[PDB]
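One structure is given below, encoded as structure tokens.
A single protein chain has been omitted; all remaining protein chains appear in their positions.
To keep things simple, chains are lettered A and B as they appear, and every chain counts its residues starting from 1.
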């Protein structure tokens, strides 16, 4: 119920994340709804484009600070949602009409096209808490945003408004929040003019370089994360971010 | 006669494409003239820079729609003009004073330096007709234009004015059509100040990464093109583009 799939016509579908209690964080119901909605897409051979979007002021909050505290005590797994986006056969547009944090930003950046909101806040959060990324952050961020913006965003963990990112020349559209989904929907109908077979073939071809590097990047980042996350001072740093 | 080589001084030469009947498309006379002019360059050890340019409102139209229709019926080969640019020992400047479409855009983007016209139209056409690129489009476009502009241009097949491309921050000069060739000629004399041996050595060095990936990229794209081009609905899509 927190993640709904709706048909927009011409094989364009929308996956909408709405879990207001967690602010579209990676809650159990969000992860279940995403896996369900994307498996529905996988069974359907008529769909051509997916637009992934959130609700209100939120695209995706990623892992909560509560989750991170549970993790310092080894009570919870590392979540890897990359497969859902990466193994989807058809192009995905991430319409990030609201804020995206940590794994929430990665969730959008794994997509084939990304639309930012001008007013919203975007962050690879990890180093805000003093530890290194997971989810092949380095690979995807350097590929999509360029190495210098990626490097600064990764080292600092700091928050960037959509408009600040445009001003530093990211290749993605950065429009007003009320325009984000509409824009994605227009781009979606544009792409969906093509035969589905060509869209599937093209996506596989264009993704091959990143796809080939991904398993190793994921494993390497995790090795480093497990070391840096599990240092004594980390729990207290997380606490100071509440 | 449709492709002429002229000496500009200081080892800078110009290859001018003028086939008005086909609009500088890949006509038999254009392909013959290009192969001839570039083999002339290959024999000459005095030349330092080539400026490749078209006529009037056209740099290069690539394969005609008529050619594509002949191709749906297996009457014509896939044209691969990459060798002519890629195997040239000396730097080439593509002065694209007019429109460049499909293989015509690639023809310019294979060059070491590229100059765009503000008013002209630029497209990787393939997906306009519903099928995937040939000629290592993905490789070259992502390398020269960045992955996000490349991806959008490849998925859509749509037409972009020089000025629209500058506004989205491509690293190439985008000047008025009447300025394109002059600009290329000035850059050409600048480069030609260097010893020819250093120019040849530097070009080989800077090209090595792309050169190493190229045969595989070419083969892979062709494999996919042969599948997507030869689907039943394609002939009719081409027909609707006349």
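The rule is simple: a contact is a pair of C-beta atoms (placed from the backbone, for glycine too) under 8 Å apart; a residue touches a chain by one contact, two chains touch by 3 or more.
Considering the whole complex, the residue from B:99, B:144 or B:225 that touches the absent chain is B:144.
Of B:118, B:194 or B:231, it is B:194 that touches the chain left out of the display.
Mapped onto subunit A, the footprint of the missing chain covers residues 127, 130-132, 138, 146-149, 151-152, 154-156, 158, 168-169, 220-221, 224, 227-228, 231, 233. With the whole complex as reference, residues 91, 112-113, 143-144, 169, 171-172, 190-191, 194-195, 197-199, 201-202, 205-206, 208 of subunit B touch the missing chain.
Following the convention adopted for this analysis, only the chains that are shown with their structure count from here on.
If you average the CA atoms of subunit A and of subunit B, the two centres end up 36 Å from each other.
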